[PDB]
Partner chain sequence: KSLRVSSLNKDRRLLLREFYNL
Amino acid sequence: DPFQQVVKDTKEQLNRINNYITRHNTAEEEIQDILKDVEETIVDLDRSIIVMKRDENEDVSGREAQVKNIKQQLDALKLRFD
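What would the structure be for this chain alone in the form deposited without the partner chain?
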């Protein structure tokens, strides 16, 4: 699952920057840039969830339309049976 891999690698990337700050705290422009890259990645995750809610509402709508079509085919058939 793509979503889970992105979450994992980002998690991982964040732990690396953290460890890097720890070692350098015990001991800049690049960290600021990396954090901007990560903020962008996270907004993309947010967007992908939104797309997912949309697509699933569409799948649901679509299934409901199929069941209603069967209902209509049954009703036409009952009438025809009369």
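Positions refer to the first chain, counted from 1. If you superpose the two forms and keep the largest set of C-alpha atoms that fall within 1.5 Å, you have the rigid core. Compared with the form solved in complex with the partner chain:
- Hinge residue for the rigid-body motion between these two forms, chosen from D44, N57, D37, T22: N57.
- The chain behaves as two rigid parts between these two forms; the smaller one is rotated by 174° relative to the larger (C-alpha superposition).
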Second form
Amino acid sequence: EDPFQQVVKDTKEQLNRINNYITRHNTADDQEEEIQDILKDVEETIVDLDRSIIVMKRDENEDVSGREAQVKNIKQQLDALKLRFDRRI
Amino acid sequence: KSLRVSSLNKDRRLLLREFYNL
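So that was the form deposited without the partner chain. Now I'd like the form solved in complex with the partner chain, please.
Now the complete complex, all chains and molecules, led by this one.
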């Protein structure tokens, strides 16, 4: 919807897509470089979401607690995924 | 198959643009 919500949605979708892939190829791979590149891009995307929250928080007419909870959730999704990725044997 | 989500990079740039409107 707003640019922030769109990126949130794209990021969860992007993480979910790799997660589905890992389930189907859980052995240690064609997409190995690709997955590393996308995960690093996701890291830097979350930094952008956090900066965006920082600036919005300056506006006393904004409550960023909903956005903060969405970013925390994405970070949890990313952390769970990174471990799955790392542990393919 | 590509794992990449379409419009992800476009959407990030729109975020950063918004970031400089604020």
